[PDB]
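For this view, one protein chain was removed and the others were kept in their places.
Lettered A and B in written order, each chain numbered from 1.
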Amino acid sequence: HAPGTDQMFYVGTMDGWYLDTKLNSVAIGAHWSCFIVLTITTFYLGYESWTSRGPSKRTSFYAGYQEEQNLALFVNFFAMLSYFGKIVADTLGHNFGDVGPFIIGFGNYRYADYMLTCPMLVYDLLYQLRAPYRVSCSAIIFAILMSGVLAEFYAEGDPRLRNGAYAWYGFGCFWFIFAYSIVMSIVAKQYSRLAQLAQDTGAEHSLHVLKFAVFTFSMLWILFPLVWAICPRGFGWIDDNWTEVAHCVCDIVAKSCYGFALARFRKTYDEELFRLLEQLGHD
Amino acid sequence: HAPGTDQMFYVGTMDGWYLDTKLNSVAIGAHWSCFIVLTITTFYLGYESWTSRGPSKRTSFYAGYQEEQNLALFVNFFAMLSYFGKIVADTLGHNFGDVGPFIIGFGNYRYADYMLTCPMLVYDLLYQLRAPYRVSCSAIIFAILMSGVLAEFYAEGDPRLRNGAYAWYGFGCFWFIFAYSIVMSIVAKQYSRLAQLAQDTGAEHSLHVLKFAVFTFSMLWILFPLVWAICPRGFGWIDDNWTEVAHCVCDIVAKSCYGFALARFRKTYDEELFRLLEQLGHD
Partner (left out) sequence: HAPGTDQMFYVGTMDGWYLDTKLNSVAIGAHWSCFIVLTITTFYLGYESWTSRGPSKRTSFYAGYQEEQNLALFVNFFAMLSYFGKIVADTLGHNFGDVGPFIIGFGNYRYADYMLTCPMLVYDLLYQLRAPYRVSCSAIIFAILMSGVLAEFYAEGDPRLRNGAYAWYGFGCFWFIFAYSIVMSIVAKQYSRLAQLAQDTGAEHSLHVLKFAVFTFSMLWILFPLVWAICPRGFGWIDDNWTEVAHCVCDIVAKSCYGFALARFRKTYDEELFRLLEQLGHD
């Protein structure tokens, strides 16, 4: 297994797959609650998607053609799946943390669940303001998430290779800072152009609601490096058992609040601001 | 390997990769026949694709721009690859069932071969009638297939974890029933609108051929849960050796018959029904 040491590493193997769970009761309860709320948000958003009329309220299957409107749905849907298998683990009492086979887009690994969620989510949110460079942000966050997965892989491995985890941490943090700066800049410029093009709208309160939602949604990603630093992978100011509840509340804020905000926006928007958004998505 | 038991599980490991095959002569012959017919259907469909003129029969490389017309080709092509490696296993006499490394889109695992085939196939068939919600059905079937792969992973594992296989079976069956119901509903509504918009067509017999093909193609997926139930993973009314021939005949019906039906449709369709399909794909 390892040279010079009789200890063996169970990460990425079926041997660690059959090990008993290292979680406690509160982690299982948090997983259950997160799965329940993800499922009910997915059901509610799908119910709204089935009864989703167009802006003119006469087009029947508007979501059937403008399928990107349902895009967040899929992400939220996958989030439910991203936890459902863990619930199965919570049923069986066996180890599930970074063990077993590696499959893209599943919650069997800590950061690999975000492969199909995070780039689509950021693409959808910047598409809602018709911001340019749609593919670029998704590619950047995909690369950062892959770096995070590989850093977590080095974290559990041989302690002689512990130094690479900090290097990949620095890599991911540098690209995340760059991505956050560029997305904040483009969002600020785009919404400034929208505001200077927002004359005689009649939805100023709705405009305030949407600007508050998008600014909070842009600034929410400050959780990831703080959470990584406070867990034992970084400075270790918290223990492992309280990391799972943190990840649950963070990705609930990321997904369910996003779905609720989009649902509340779609029941209050009007058509002239819509056509001004299409006008904005030109230059 | 496993606590309390000296037995070891060879699934997902190189140890089970080097094991001798568990198949018999008839399974090898069925694999050979299925690979041969898949290869000849792929060759025939590619030959038709090279000599594929437009509806006006003057556009030379119509398939070169409307590349989605070749889409089924790719699926059928991958199906050939999906069996070709198994033929190599049939050459070497070593174990190939759910062993070795896991790679997306290959036939080394029982259900993982359908990753690149089934969503593209369903998208192509519902696109042929210009049905809405194109991405949604593909995402649903992708999630169901991933659930099936993971259920098959639990099936071979530790018998103390056998209960999760039935839970994932219920999950996959519930979402498959939902998908089948919604796709049947949308197909029925879409073709009802086509029929009430099909006046003075001149291709009523061709219309009967295409409706028979699409209805049979919509109802063919009843094979999957019945096949899973009759094999030892479910009720076990059949043995393992006769499961491979069942999967061969089922995916041949799924792919080669689809290609033959599309080829026969493209040599008999006319242009006014074509433009009425574009008219249908509006509301």
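Everything that follows uses one rule, which is that a residue touches a chain if its C-beta (ideal position, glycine included) is under 8 Å from a C-beta of that chain, and two chains touch if they have at least 3 such contacts.
Touching the missing chain, out of B:47, B:65 or B:127, is residue B:65. Of the listed positions B:9, B:35, B:77 or B:169, the one in contact with the omitted chain in the full complex is B:77. Residues of chain B in contact with the chain left out of this view: 14-15, 17-18, 20, 59-61, 63-65, 67, 70, 74, 77-78, 81, 84-85, 88, 91-92, 94, 100-106.
For chain A, the list of residues touching the undisplayed chain reads 1-3, 9, 11-13, 102, 104, 132-136, 139, 143, 146, 150, 153, 157-158, 160-161, 163-164, 167-168, 171, 283.
Just so we're on the same page, only the chains that are shown with their structure count from here on.
Centroid to centroid, with C-alpha atoms defining each point, chain A and chain B lie 31 Å apart.
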